[PDB]
Amino acid sequence: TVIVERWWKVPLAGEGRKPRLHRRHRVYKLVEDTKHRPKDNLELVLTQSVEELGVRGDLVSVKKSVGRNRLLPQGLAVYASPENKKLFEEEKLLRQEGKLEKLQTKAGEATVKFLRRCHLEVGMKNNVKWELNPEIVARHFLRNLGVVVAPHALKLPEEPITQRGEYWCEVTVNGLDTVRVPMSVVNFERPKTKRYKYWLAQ
Amino acid sequence: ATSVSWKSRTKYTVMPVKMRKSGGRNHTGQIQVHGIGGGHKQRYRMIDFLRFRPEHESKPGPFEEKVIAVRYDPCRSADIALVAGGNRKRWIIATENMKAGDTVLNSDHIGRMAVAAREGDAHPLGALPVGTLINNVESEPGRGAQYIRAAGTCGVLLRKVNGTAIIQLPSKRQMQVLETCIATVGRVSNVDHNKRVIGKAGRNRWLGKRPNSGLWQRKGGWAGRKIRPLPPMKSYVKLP
Amino acid sequence: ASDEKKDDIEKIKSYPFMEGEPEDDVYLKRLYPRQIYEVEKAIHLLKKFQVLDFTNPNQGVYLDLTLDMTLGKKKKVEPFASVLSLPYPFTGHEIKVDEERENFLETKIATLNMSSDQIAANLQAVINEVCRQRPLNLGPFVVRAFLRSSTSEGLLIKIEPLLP
Amino acid sequence: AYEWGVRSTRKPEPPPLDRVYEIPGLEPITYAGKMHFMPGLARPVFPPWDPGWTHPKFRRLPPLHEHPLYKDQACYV
Amino acid sequence: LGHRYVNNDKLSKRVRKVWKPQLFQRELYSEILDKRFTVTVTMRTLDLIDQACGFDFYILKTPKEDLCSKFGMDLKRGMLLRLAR
RNA sequence: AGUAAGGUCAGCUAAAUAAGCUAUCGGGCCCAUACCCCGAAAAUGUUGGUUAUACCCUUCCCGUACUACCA
RNA sequence: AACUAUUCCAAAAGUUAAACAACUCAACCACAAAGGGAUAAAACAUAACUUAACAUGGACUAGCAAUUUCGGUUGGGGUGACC
RNA sequence: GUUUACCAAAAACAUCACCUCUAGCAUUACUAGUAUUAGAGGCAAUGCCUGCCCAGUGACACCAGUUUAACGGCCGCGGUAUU
RNA sequence: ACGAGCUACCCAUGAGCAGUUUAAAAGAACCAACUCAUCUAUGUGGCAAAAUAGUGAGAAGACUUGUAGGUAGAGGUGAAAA
Ligand SMILES: [K+]
Ligand SMILES: [K+]
Ligand SMILES: [K+]
Ligand SMILES: [K+]
Ligand SMILES: [K+]
Ligand SMILES: [K+]
Ligand SMILES: [Mg+2]
Ligand SMILES: [Mg+2]
Ligand SMILES: [Mg+2]
Ligand SMILES: [Mg+2]
Ligand SMILES: [Mg+2]
Ligand SMILES: [Mg+2]
Ligand SMILES: [Mg+2]
Ligand SMILES: [Mg+2]
Ligand SMILES: [Mg+2]
Ligand SMILES: [Mg+2]
Ligand SMILES: [Mg+2]
Ligand SMILES: [Mg+2]
Ligand SMILES: [Mg+2]
Ligand SMILES: [Mg+2]
Ligand SMILES: [Mg+2]
Ligand SMILES: [Mg+2]
Ligand SMILES: [Mg+2]
Ligand SMILES: [Mg+2]
Ligand SMILES: [Mg+2]
Ligand SMILES: [Mg+2]
Ligand SMILES: [Mg+2]
Ligand SMILES: [Mg+2]
Ligand SMILES: [Mg+2]
Ligand SMILES: [Mg+2]
Ligand SMILES: [Mg+2]
Ligand SMILES: [Mg+2]
Ligand SMILES: [Mg+2]
Ligand SMILES: [Mg+2]
Ligand SMILES: [Mg+2]
Ligand SMILES: [Mg+2]
Ligand SMILES: [Mg+2]
Ligand SMILES: [Mg+2]
Ligand SMILES: [Mg+2]
Numbered sequence: 053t054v055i056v057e058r059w060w061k062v063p064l065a066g067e068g069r070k071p072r073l074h075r076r077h078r079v080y081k082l083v084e085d086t087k088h089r090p091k092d093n094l095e096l097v098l099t100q101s102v103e104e105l106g107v108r109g110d111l112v113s114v115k116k117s118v119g120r121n122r123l124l125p126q127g128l129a130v131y132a133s134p135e136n137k138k139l140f141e142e143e144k145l146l147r148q149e150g151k152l153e154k155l156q157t158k159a160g161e162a163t164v165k166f167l168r169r170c171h172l173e174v175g176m177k178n179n180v181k182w183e184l185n186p187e188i189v190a191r192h193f194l195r196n197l198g199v200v201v202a203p204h205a206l207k208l209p210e211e212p213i214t215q216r217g218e219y220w221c222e223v224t225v226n227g228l229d230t231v232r233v234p235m236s237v238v239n240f241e242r243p244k245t246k247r248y249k250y251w252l253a254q
Numbered sequence: 061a062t063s064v065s066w067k068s069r070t071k072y073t074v075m076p077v078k079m080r081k082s083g084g085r086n087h088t089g090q091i092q093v094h095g096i097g098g099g100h101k102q103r104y105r106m107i108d109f110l111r112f113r114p115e116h117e118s119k120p121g122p123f124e125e126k127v128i129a130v131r132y133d134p135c136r137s138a139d140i141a142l143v144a145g146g147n148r149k150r151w152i153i154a155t156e157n158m159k160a161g162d163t164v165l166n167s168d169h170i171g172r173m174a175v176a177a178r179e180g181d182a183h184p185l186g187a188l189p190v191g192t193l194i195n196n197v198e199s200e201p202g203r204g205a206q207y208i209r210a211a212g213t214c215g216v217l218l219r220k221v222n223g224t225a226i227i228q229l230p231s232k233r234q235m236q237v238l239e240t241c242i243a244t245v246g247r248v249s250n251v252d253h254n255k256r257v258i259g260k261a262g263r264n265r266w267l268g269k270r271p272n273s274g275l276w277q278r279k280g281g282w283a284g285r286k287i288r289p290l291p292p293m294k295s296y297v298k299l300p
Numbered sequence: 040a041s042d043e044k045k046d047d048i049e050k051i052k053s054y055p056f057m058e059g060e061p062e063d064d065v066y067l068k069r070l071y072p073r074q075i076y077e078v079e080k081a082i083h084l085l086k087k088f089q090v091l092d093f094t095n096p097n098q099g100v101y102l103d104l105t106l107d108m109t110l111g112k113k114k115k116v117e118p119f120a121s122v123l124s125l126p127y128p129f130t219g220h221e222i223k224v225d226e227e228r229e230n231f232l233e234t235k236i237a238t239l240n241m242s243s244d245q246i247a248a249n250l251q252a253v254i255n256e257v258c259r260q261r262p263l264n265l266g267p268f269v270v271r272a273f274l275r276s277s278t279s280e281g282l283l284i285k286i287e288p289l290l291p
Numbered sequence: 030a031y032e033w034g035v036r037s038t039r040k041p042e043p044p045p046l047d048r049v050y051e052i053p054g055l056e057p058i059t060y061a062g063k064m065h066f067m068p069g070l071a072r073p074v075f076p077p078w079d080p081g082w083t084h085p086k087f088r089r090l091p092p093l094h095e096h097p098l099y100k101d102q103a104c105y106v
Numbered sequence: 087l088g089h090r091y092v093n094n095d096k097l098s099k100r101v102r103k104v105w106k107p108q109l110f111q112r113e114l115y116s117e118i119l120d121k122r123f124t125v126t127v128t129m130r131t132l133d134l135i136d137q138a139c140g141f142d143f144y145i146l147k148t149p150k151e152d153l154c155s156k157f158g159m160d161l162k163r164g165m166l167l168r169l170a171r
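Residue numbers (the UniProt record's numbering), protein chains in the order written: chain B, 53 to 254; chain Z, 61 to 300; chain L, 40 to 130, 219 to 291; chain H, 30 to 106; chain V, 87 to 171.
Everything labelled a hint here was simulated from the structure, so no lab data went into it. C-beta atoms are modelled at their ideal positions from N, C-alpha and C, and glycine is treated no differently. Be aware that a few hints might be false.
Listed next, the in silico DSBU-like pairs over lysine-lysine satisfying Cα-Cα at most 30 Å (straight line) [unchecked claim]: (1) L:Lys86 - B:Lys181; (2) V:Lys106 - B:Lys87; (3) B:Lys91 - V:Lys103; (4) B:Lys246 - L:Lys68; (5) V:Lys106 - B:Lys70; (6) L:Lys86 - L:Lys285; (7) Z:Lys149 - H:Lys100; (8) B:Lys91 - L:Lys45; (9) L:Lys235 - B:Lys181; (10) B:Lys70 - V:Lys147; (11) V:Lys162 - H:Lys63; (12) V:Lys156 - B:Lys116; (13) V:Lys150 - B:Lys81; (14) B:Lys181 - L:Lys87; (15) V:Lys121 - B:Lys116; (16) B:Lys244 - L:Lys235; (17) B:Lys115 - V:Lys121; (18) L:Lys52 - B:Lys158; (19) B:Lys87 - V:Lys150; (20) B:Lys158 - L:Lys80; (21) L:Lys50 - B:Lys158; (22) B:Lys244 - L:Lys52; (23) B:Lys144 - L:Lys68; (24) V:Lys121 - B:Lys138; (25) B:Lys246 - L:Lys223; (26) B:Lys177 - L:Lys235; (27) L:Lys50 - B:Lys115.
Residues of chain B placed beyond 12 Å of chain L at every Cβ, according to the derived structure [unchecked claim]: (28) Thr86; (29) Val114; (30) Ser117; (31) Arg120.
Let's have the full structure, built from the sequences with the hints guiding it.
Printed below as a string of structure tokens:
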């Protein structure tokens, strides 16, 4: 959509009468084009949890092209009309009164997806005796997998570990979804040395 | 006023069909291509370009046909040969030394080792030997022959890599095509068409070419001997 | 001052950051920005990380400071090397400069076994020492701080209160 | 393959129907009432013509298989 | 349809200029009719659909002077009869 | 006729910081000549004006160059 | 200018995404590695690339083409000269 | 052979021949064809030949560069064998 | 807006070229029908808004010709005479 204005002034007609239009009043100039503006985003309410977007019943300002093509036609989301918002807001009250949401936050759903397919390398040094506790295991998530884990969230198999091997760790997010992630305890290596030995060579 | 093209026949037939000249006039009625018109009246022969075409879909196996006669086609510069097999006849372009009472084999079975190249047989490019002269090149499987049909023009297969054949067109430009396309081995008939000499101006009028305009145009910058590197290979293979 | 490094200073300033642990007990570092800011917690965490990643108690803390040593005027200032002895030297130290001049400096602070108060006191001295090259108030001199140990990653120190 | 038909020579396809016929539960307004063409009105769709009494010359040719002597086996004459 | 000045200077040549909207091919879904129509729509039409928070709302809220399409009026009339009946 | 335009060592060129090459003169090398090496001399067409001169302008002279068309 | 052709940007459609240069001088560890003497942050607050056929807006190049004029004095005009 | 019907029928244009240039291909021209093909031009059968020049312009490459059977070009002054 | 019933070119459909010379239906040769219009004289409000008389060139082809259709002025058409 183009927006233009006349170069030459048009004489007035104040009694609700159509003004006289001359040939020189047809000369326009383009002042602004609507397609060249930095386009905004579209806010939509999700009717079903998306893999990378929010969850069932959440507000997301997704890109305008995405909403019109894959979200709205497929029913994954609905228009964020003011009347539509309060329906989901009232719907939340029913579940959260009895703690029945079990839907996680926008990032919370992504945490479950990432932890479903992940493997943690618990690097330990054998020069000094080491005992694995939930505080230690959460450290390796931050460094290896880039995951921040609350100390109380981890539930170890309660068996003390003093040698390298394969184990399992239970991870719970917001006390709603429980994820059992594989645990791989291997000898620790310096990332500068580790990346040189394996990544640079191969 | 809008005219109607004479190409209205729908069913294939070996008998010659009536033909109306154009003279360079498009459907509107204005001249678009100059120097065309006033030629000798001609009849058109229905030419079947697709070499591999079974009579019925019940038996899709390779079939062998027999050559009846070799005639002269006024339309194209080559010579066409009548070929009959089963219960139908076809007009196909004759190779350099196709004669009457000859047997031609058409096949598509891509064999692993090889297939002996004969002067008239049509085989897919995947089974032909590396050093084979070909004509009537099929650009895409089932599309039909489009390239190399003039008199005496023959392309040479170059190599077959990762299940894909590369050929050399008469313009010395390499072309890439799937190996399952059908091609005909040999050189097109009427080899000495280039050596023909036109003895008088009237013979050009008989062919159907009108004389050039008499306006004297000074040569521009386009003229002069231009040396240009060969364009890159044209490939019809759609990489996924 | 080149515009290429000005974009870099703009980019690092635009990195999101949030205070405190989010609601989710377990979350990805990709999803949520940096959270650890306190110097006292960072020093204790490095000592804690020594226990979590069992190594020698003594570790040299090579602090990384994303110092804004540019954008004082339209013409950039040149790097130097100011030497000031720390109140608690580890067992006059030169302030090295980046080879690539990417506005980050790697200078050792103290050993891991040193108390947090002494290490924090050393940190405050370093902040004043680096700002001595360009003490003008026209432009900021410190953008981000990352305190890392020998066997640990850096933490986004809330260095803004410690600037004066 | 190379089909021997030509787009211009072949009979043109019927023009696309007007948008009114695409709206469910909406009776279109046509010019069939005035039995002559009028711009701005939708084109009527008529059922195939069904003459009550058959006429010998002007009727359509019967299908070949309608003949009593038609047989599945192909005989050559 | 109109004229324009080259280089946007008054003392320059006067030039005829025609500005055309950019057309797009999209198929839209209407809840009242439960049918998909492939309609040539513009980027402004899609913005109006989002502004009205629904395709059916856009047809049923915009008046005749704003719509300027015989297809739109027939589309409204089809849905308006659907509700009343 | 008009207009254009130039002159510099014996010769031809570049700069006006009057230079470079060649020719000319003297000497060396060789049996002698030439080549070659070394050294020296040499000029701003002409008159007047250009702070003063030169590249400029002017006068004189030689020679070069284009055009001279419609009826 | 339009129009034809070439090229770029924008619109539009789509695709992928969380990342690499130690070396142990001491010395632990049967290995493989380790610890002391650095293992950060970051990728970009989206980014990067592709996009057949049609096709919009704004520029670049070329073809074709559009609008308009071609001063005066002069012992007739041109030429030389002059204003 | 052709042309200025109504003042020029020619030495002008065309023409077989030779050469340069642009194009790897489908449903109305070219063409129901596919580089021995088809267009945009020059010059005029045959015979002997078609020399030198990419600085400028143009074209191509779209960078260095390459092209004259592309537009076009293809030198002075002085001395020297009796005259 | 209207014009390709004259003319330039083309697409359809038809129709003509006798005798003579040559293995020739060879854009060969002699000469009619036929088609162009070289030279001169009459004519110049003329028979004629381009002709008559004599004389000429081609006359089996790039030839003449009837009917009918197509291209329309920023264009059509052109073996370039603007
Ligand atoms: K032929
Ligand atoms: K006079
Ligand atoms: K003549
Ligand atoms: K050049
Ligand atoms: K007509
Ligand atoms: K008369
Ligand atoms: Mg009033
Ligand atoms: Mg032909
Ligand atoms: Mg020609
Ligand atoms: Mg010519
Ligand atoms: Mg545009
Ligand atoms: Mg005007
Ligand atoms: Mg004048
Ligand atoms: Mg005058
Ligand atoms: Mg005079
Ligand atoms: Mg003058
Ligand atoms: Mg003649
Ligand atoms: Mg005449
Ligand atoms: Mg005459
Ligand atoms: Mg030759
Ligand atoms: Mg010649
Ligand atoms: Mg000629
Ligand atoms: Mg000549
Ligand atoms: Mg030459
Ligand atoms: Mg050059
Ligand atoms: Mg006619
Ligand atoms: Mg005869
Ligand atoms: Mg003859
Ligand atoms: Mg004539
Ligand atoms: Mg007469
Ligand atoms: Mg006479
Ligand atoms: Mg007489
Ligand atoms: Mg004669
Ligand atoms: Mg003759
Ligand atoms: Mg008309
Ligand atoms: Mg014209
Ligand atoms: Mg003619
Ligand atoms: Mg002329
Ligand atoms: Mg003239």
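Going down the list of hints, with the structure as the test:
Taking the CA atoms of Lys86 (chain L) and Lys181 (chain B), the gap is about 17 Å. The hint holds against a cut of 30 Å. Proposed proximity of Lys106 (chain V) and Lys87 (chain B) is supported: the alpha carbons are some 13 Å apart, at most 30 Å. A threshold of 30 Å between alpha carbons decides the hint, and for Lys91 (chain B) with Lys103 (chain V) the separation of about 27 Å falls inside it, so the pair holds. Straight-line distance between C-alpha atoms of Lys246 (chain B) and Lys68 (chain L) comes to about 22 Å, which keeps the hinted pair within the 30 Å bound.
With a C-alpha separation of about 26 Å, the suggested pair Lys106 (chain V) and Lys70 (chain B) falls inside the 30 Å cut-off, and the hint holds. A hinted pair counts as satisfied when its Cα atoms are at most 30 Å apart, and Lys86 (chain L) with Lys285 (chain L) qualifies at roughly 19 Å. The hinted pair formed by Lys149 (chain Z) and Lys100 (chain H) meets the criterion: a straight-line CA distance of about 27 Å does not exceed 30 Å. Annotation: proposed proximity of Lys91 (chain B) to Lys45 (chain L) holds, straight-line Cα distance about 27 Å (limit 30 Å).
Taken as a hint, the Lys235 (chain L) and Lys181 (chain B) pair is honoured in the structure, with Cα atoms around 29 Å apart against an allowance of 30 Å. A threshold of 30 Å between alpha carbons decides the hint, and for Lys70 (chain B) with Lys147 (chain V) the separation of about 28 Å falls inside it, so the pair holds. A C-alpha spacing of about 27 Å is found between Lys162 (chain V) and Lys63 (chain H), which places the hinted pair at or below 30 Å, so the restraint holds. At roughly 28 Å between alpha-carbon atoms, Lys156 (chain V) and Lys116 (chain B) fall within 30 Å of each other, so this suggested pair holds.
The hinted pair formed by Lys150 (chain V) and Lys81 (chain B) meets the criterion: a straight-line CA distance of about 29 Å does not exceed 30 Å. Distance check on the hinted pair: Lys181 (chain B) and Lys87 (chain L) sit about 16 Å apart at the alpha-carbon level, within 30 Å; holds. Under the criterion of a C-alpha separation no larger than 30 Å, the hint pairing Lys121 (chain V) with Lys116 (chain B) is consistent with the structure, at around 24 Å. Distance restraint check for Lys244 (chain B) and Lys235 (chain L): the Cα-Cα separation of roughly 19 Å lies within the 30 Å cut-off, and the hinted pair is therefore satisfied.
Among the hinted pairs, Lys115 (chain B) with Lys121 (chain V) is consistent with the structure: their alpha-carbon atoms are about 26 Å apart, no more than 30 Å. Between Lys52 (chain L) and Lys158 (chain B) the alpha-carbon distance is near 25 Å, which keeps this suggested pair within the 30 Å criterion. Under the criterion of a C-alpha separation no larger than 30 Å, the hint pairing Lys87 (chain B) with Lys150 (chain V) is consistent with the structure, at around 26 Å. Restraint check for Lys158 (chain B) and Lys80 (chain L): the C-alpha separation of about 29 Å stays at or below 30 Å, so the hint holds.
Proposed proximity of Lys50 (chain L) and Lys158 (chain B) is supported: the alpha carbons are some 25 Å apart, at most 30 Å. With a C-alpha separation of about 28 Å, the suggested pair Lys244 (chain B) and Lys52 (chain L) falls inside the 30 Å cut-off, and the hint holds. A C-alpha spacing of about 28 Å is found between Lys144 (chain B) and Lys68 (chain L), which places the hinted pair at or below 30 Å, so the restraint holds. For a cut-off of 30 Å, the pair hint linking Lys121 (chain V) to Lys138 (chain B) stands: about 29 Å separates their Cα positions.
As the CA atoms of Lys246 (chain B) and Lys223 (chain L) are separated by approximately 27 Å, the hinted pair is consistent with the 30 Å bound. The hinted pair formed by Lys177 (chain B) and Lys235 (chain L) meets the criterion: a straight-line CA distance of about 25 Å does not exceed 30 Å. A hinted pair counts as satisfied when its Cα atoms are at most 30 Å apart, and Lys50 (chain L) with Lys115 (chain B) qualifies at roughly 23 Å. Distance to chain L confirms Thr86 (chain B) as a non-interface residue, since its nearest Cβ pair spans about 28 Å, more than 12 Å.
Every C-beta of chain L lies more than 12 Å from that of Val114 (chain B), the closest at about 17 Å, which supports listing it as non-interface. With a least CB separation of 24 Å from chain L, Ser117 (chain B) remains clear of the 12 Å interface cut-off, as annotated. With a least beta-carbon separation of about 26 Å from chain L, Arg120 (chain B) lies farther than 12 Å from that chain, consistent with its non-interface assignment.
Consistency note: the structure conflicts with none of the earlier hints.
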